[PDB]
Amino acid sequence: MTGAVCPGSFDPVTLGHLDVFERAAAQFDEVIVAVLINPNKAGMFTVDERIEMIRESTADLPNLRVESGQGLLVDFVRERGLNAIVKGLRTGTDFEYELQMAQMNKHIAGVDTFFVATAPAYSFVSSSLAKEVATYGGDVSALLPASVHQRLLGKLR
């Protein structure tokens, strides 16, 4: 009974994230996407909206579910009986930042972290940059799930 948690703010989920979800879901029996609620940033979408967007985009993944999360990620992981985190990485800078978190998380709770390399086609997409470009009129429709994109257009208009 293997399993992994995929955390993020996902504000909104991108095709880069979806690619990671698909790859995690192909290698672990159970995947939980953890939408991390931060009260020190509302962001663009509500936690409810983010969850909904991810659920819509992951319907073809039978072994994946989506839940909101607060507090220590390692507590989220262990309270669900798991002890692995899966995250995507774009750059060596990402790796150095996530290395520190991964080692801390292993130290405090025995939770391991597995990283995957970004899909080449989505190397430059981040939720933040997608929102920024879209805000000023750039076409990001090829970078986001179809559902998300329409919802993003809504938030701007």
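Only the largest set of C-alpha atoms that superpose within 1.5 Å between the two forms is called the rigid core. Numbering follows the first chain given and starts at 1. Compared with the form deposited in another entry:
Rigid-core fit between these two forms: of 92, 120, 62, 110, the one residue whose Cα shifts 2 angstroms or more is 92.
Now show me the form deposited in another entry, since the one above was the form deposited in one PDB entry.
There are no partners or other molecules in what follows, just the one chain.
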């Protein structure tokens, strides 16, 4: 009955994210992808769009499910009877801030955070940089799942 939560805004999900989802699904009995929403700032994609893009690119992972949430991550985790977070690392990750949040999350709720580095091929993509590059016409098709790329181009046009 092991389990972990993979949190993020996923606006949109990238292949860097999916790599980490796959590793978590391979190493824990259940994985919940937590799409965390700030109710005070809209992203590019609505919550239902974000979830649909993740579901479409994780259909081969039977022990992974996707849910949205807001507020404290550790409450989302604990209310599902879990106490582990799995977070990806990429080039440009603010690791010091991730460490700060991990120590805080352990302090307030006893939840552990496990970090895993994404594959080198996917290590320089981020949701924000992919959106920025695509906005100005750059080809990011190789860094995003098919469930995302043309939806992204659609939002931009």
